[PDB]
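There are 2 protein chains.
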Amino acid sequence: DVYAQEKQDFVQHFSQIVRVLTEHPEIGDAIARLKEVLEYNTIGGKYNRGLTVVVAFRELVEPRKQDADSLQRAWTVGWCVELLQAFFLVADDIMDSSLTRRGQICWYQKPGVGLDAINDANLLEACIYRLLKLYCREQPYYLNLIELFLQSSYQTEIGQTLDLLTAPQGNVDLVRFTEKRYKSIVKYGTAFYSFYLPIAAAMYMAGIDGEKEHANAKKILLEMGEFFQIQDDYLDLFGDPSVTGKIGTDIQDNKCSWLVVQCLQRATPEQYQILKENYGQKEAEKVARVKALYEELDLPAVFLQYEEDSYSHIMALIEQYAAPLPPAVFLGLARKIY
Amino acid sequence: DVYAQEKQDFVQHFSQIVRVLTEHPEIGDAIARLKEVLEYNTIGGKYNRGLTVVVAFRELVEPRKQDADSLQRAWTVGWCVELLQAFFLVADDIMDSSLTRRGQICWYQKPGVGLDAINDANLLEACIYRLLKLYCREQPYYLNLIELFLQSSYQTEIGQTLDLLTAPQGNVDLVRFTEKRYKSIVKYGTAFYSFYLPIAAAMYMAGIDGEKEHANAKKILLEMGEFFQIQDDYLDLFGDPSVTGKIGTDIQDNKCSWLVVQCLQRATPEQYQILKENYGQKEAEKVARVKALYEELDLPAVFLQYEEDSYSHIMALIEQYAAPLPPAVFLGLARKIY
Ligand SMILES: O=P(O)(O)C(O)(Cc1cccnc1)P(=O)(O)O
Ligand SMILES: O=P(O)(O)C(O)(Cc1cccnc1)P(=O)(O)O
Ligand SMILES: [Mg+2]
Ligand SMILES: [Mg+2]
Ligand SMILES: [Mg+2]
Ligand SMILES: [Mg+2]
Ligand SMILES: [Mg+2]
Ligand SMILES: [Mg+2]
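Chains as they are written, first to last, in my numbering: chain A, 19 to 356; chain B, 19 to 356.
Read the hints as simulated data drawn from the structure, not as lab findings. Hints should not be assumed to be uniformly reliable.
To be verified - Residues on chain A that point at chain B, a partial pick, calculated with CB under 8 Å:
id : residue
1  : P129
2  : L133
3  : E156
4  : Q157
5  : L166
6  : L168
7  : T179
8  : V261
To be verified - Computed list of chain B residues with no C-beta within reach of chain A, every gap over 10 Å:
id : residue
9  : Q34
10 : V36
11 : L141
12 : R148
13 : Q249
Each residue gets a CB set at the ideal place from its N, CA and C atoms; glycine is no exception.
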C-alpha cells in the first residue's frame with residue numbers, strides 16, 4: 019500500500035511535533051500537561067487522515083520540488099489534520115458519554131482528568147495553528163491552509179450541532195430520523211474534515227488553489243465521507259471493539275444512525291413500536307432488543323449491498339471528476355476505506 | 019465616558035452580527051441553535067472588551083480614514099473579542115462548575131443543554147473567523163488579526179491549564195499557591211485576551227504592526243490585566259452578585275486565588291491548619307470558615323491598599339511606555355477598571 023510505505027516516517031515525525039510544541043519556564047507544568055494530552059490522544063490510531071496529506075503531497079508535487087523542507091511541511095500538515103481530529107474526538111467522547119477510544123479509556127474518563135478535558139481538547143486545536151506558523155508562515159499557501167483548517171472546524175461543529183439536536187437525551191422521537199437529515203449531519207459532521215480537508219491541504223501545498231479543482235475534488239471526497247460515516251454507524255453496533263478500539267453508544271445515545279434510518283424505512287407499525295419503546299435508553303436489555311430488530315430486518319445484508327453500490331458510485335465519480343488530478347489520489351483513499 | 023459614548027452603537031451592531039452569522043436550508047436547525055447560543059451568551063455583559071476595540075480604533079485611526087466601512091469593521095472586530103470571551107466563559111463555567119453568569123443561569127446548567135455546551139462554545143470561537151473573513155479578508159491587517167486571535171486563544175488555554183493543574187479537585191495542597199504561580203496563571207489566562215488582544219486588534223487595524231510598539235503596549239496592558247484578575251478574585255468572595263451577575267466558586271473549587279496567596283503569606287501555623295482543613299470543599303460551613311479567616315487577616319483592606327499601589331504603578335507604566343500612542347488609549351481603560 020502507498021499508505022504502508024509512508025506510515026513509519028509519518029509516525030516517527032510525531033516525536034519532532036511534540037518536541038517543537040514542548041519548546042518561559044513558568045508555564046512548564048502546563049507544557050507537561052500539553053505533552054501528556056498530545057501523547058495520550060494523537061497516538062494509538064491508524065493515522066489515515068494525516069497520511070492522506072503526505073501521500074497526496076507526493077502524488078501532486080513534482081518530485082524535484084519534494085525537497086527535505088517541503089516533506090517536513092507535508093508531515094507537519096498531516097499531523098495538523100490528526101490534531102484536528104484529536105480535538106473533535108476528545109470533545110465528542112464527552113458529549114457522547116463514551117467509554118473507550120483506540121483501545122484505551124476515553125481521556126475524560128481518566129481519574130484526575132474529567133471535564134478538564136474540555137480545555138485539553140482546545141489546546142490540541144490551538145496546536146494546529148502553532149505548527150502552521152512554525153513551518154508554513156513563509157509559504158504562499160499559508161493563509162489557504164489556515165482558512166481550510168478553520169472552515170473544517172466550523173463545518174464539523176455545525177454537523178455536531180445537527181447530530182446533538184436530532185439526538186435529544188430521554189426524548190425518543192423517531193420522526194426526526196430521516197435520510198435527508200442523516201446525509202446533512204454526516205456531510206458537515208464527518209465528510210469535510212475526514213476526506214475533503216486532507217486532500218485539499220495537499221492541493222494547496224502543491225499550488226492547486228483553483229475553485230473549480232477544489233469543487234471537483236469535493237464532489238468525490240464528500241461522497242466517500244458519507245460512506246465512511248455509514249460504515250462508522252454500522253461498526254458502532256456490528257463491529258468488533260477489539261478491532262474498532264471503541265465501544266458503540268449510538269442506540270443508548272438516541273443517535274440518528276444510518277441503521278435506525280434503514281430500520282424505519284423497513285419497519286412495520288408493530289416493529290416501529292418495539293424501536294420506539296427501546297431506542298435511546300441505557301438499559302442493556304433495551305439496546306439488545308434494538309439489535310435484534312436490526313438483525314430481523316436484515317440490516318447487515320442491507321449495509322453489505324450498500325457498500326457495493328456506494329463503491330461503484332464513488333468509482334463512477336472518480337472517472338467523472340478526478341481530472342486533472344492523478345486518479346491514484348482518490349483510488350488509494352477508496353482502497354483504504356472499502 | 020468615551021465608552022458610554024460608543025456603547026449604544028456597538029450593542030446595536032449585534033443584530034447585524036447575528037443576521038450575518040445566520041445567513042443551504044438543510045443546516046437551518048443548527049443555525050437556529052447557533053442564533054440561540056449567540057443571543058444567550060454574547061449578550062447581557064458590559065461589552066467593555068469589544069468596546070475597547072471600537073474606542074481604541076477611533077483614537078488611533080485618522081478621522082479622515084474612519085469611513086462607514088472602516089467603522090463597521092471596527093464594530094465587527096469588537097464583537098469578535100466578545101465572541102472569544104463568550105467561548106472561554108461557556109467552557110470555564112462547565113470546568114469551574116459555576117451556577118450563574120451575567121444574572122442568568124449558566125448556559126450548560128439550562129435544561130436540555132448540558133455537555134452539548136462544549137460544542138456551542140466551539141461554535142462561538144468559529145464565529146470569530148467567519149466574521150474576520152466576511153469583513154476583513156481584503157484588508158492588509160487580515161492575517162495579523164487571525165494570528166492575534168489564535169495566539170489569544172492559545173495563551174488563555176495555557177493559562178486555564180495552569181489554573182486547573184494548581185486547583186486539583188479534592189486534593190488540598192496550599193504549597194502550590196505561591197505568588198510566582200499566581201502571576202503566571204493570570205498573565206496567560208486573563209491578561210492577554212482581556213487587555214492585550216483588544217488594543218492590539220485596533221493597533222493592527224490602524225496599521226501599527228511594529229514589534230517594539232506592540233511590546234511597549236503589552237508592558238502596560240499585561241500589568242492592567244493582572245490587577246483586573248486580582249479584582250475578579252477579590253469580587254469572587256467579597257463582591258455583590260447582584261452587581262457581578264455571577265456566584266463565586268474559588269474556595270469550593272480549590273483555586274489559586276489572589277486571596278488564598280495573601281492569606282498564606284500572613285497566616286500563622288494555627289491559621290494555616292484552619293485553611294488546610296476548610297479550603298477546596300463544597301460544605302457551606304467550610305467556605306464560611308475560610309471567609310472568616312480572610313476577614314480576620316484583614317484581606318479586604320490589603321486588597322484596597324493593593325488597588326491604590328497597582329493604580330499608581332500602572333500610571334507610571336503609561337508615562338514610560340504609552341508613546342507614541344495617545345495616553346488616552348490606556349487612561350480610558352484604566353478609568354474603566356479602577
Ligand atoms: O468515533 P465515533 O464516536 O464513532 C464518531 O465517528 C466521531 C466523530 C466526531 C466528530 C465528527 N464526526 C465523527 P461519531 O460521529 O460520534 O459516531
Ligand atoms: O468569570 P470568572 O469565572 O470569575 C473568570 O474570571 C473567567 C475566566 C475565563 C477564562 C480566562 N480567564 C478568566 P475565572 O478565571 O474562572 O475566575
Ligand atoms: Mg462519538
Ligand atoms: Mg458523536
Ligand atoms: Mg461513531
Ligand atoms: Mg470561572
Ligand atoms: Mg476559571
Ligand atoms: Mg472568577
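Status of each hint after checking the structure:
no.: 1; hint: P129; result: 11 Å, violated
no.: 2; hint: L133; result: 5 Å, holds
no.: 3; hint: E156; result: 12 Å, violated
no.: 4; hint: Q157; result: 13 Å, violated
no.: 5; hint: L166; result: 11 Å, violated
no.: 6; hint: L168; result: 4 Å, holds
no.: 7; hint: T179; result: 4 Å, holds
no.: 8; hint: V261; result: 28 Å, violated
no.: 9; hint: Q34; result: 20 Å, holds
no.: 10; hint: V36; result: 16 Å, holds
no.: 11; hint: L141; result: 5 Å, violated
no.: 12; hint: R148; result: 7 Å, violated
no.: 13; hint: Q249; result: 22 Å, holds
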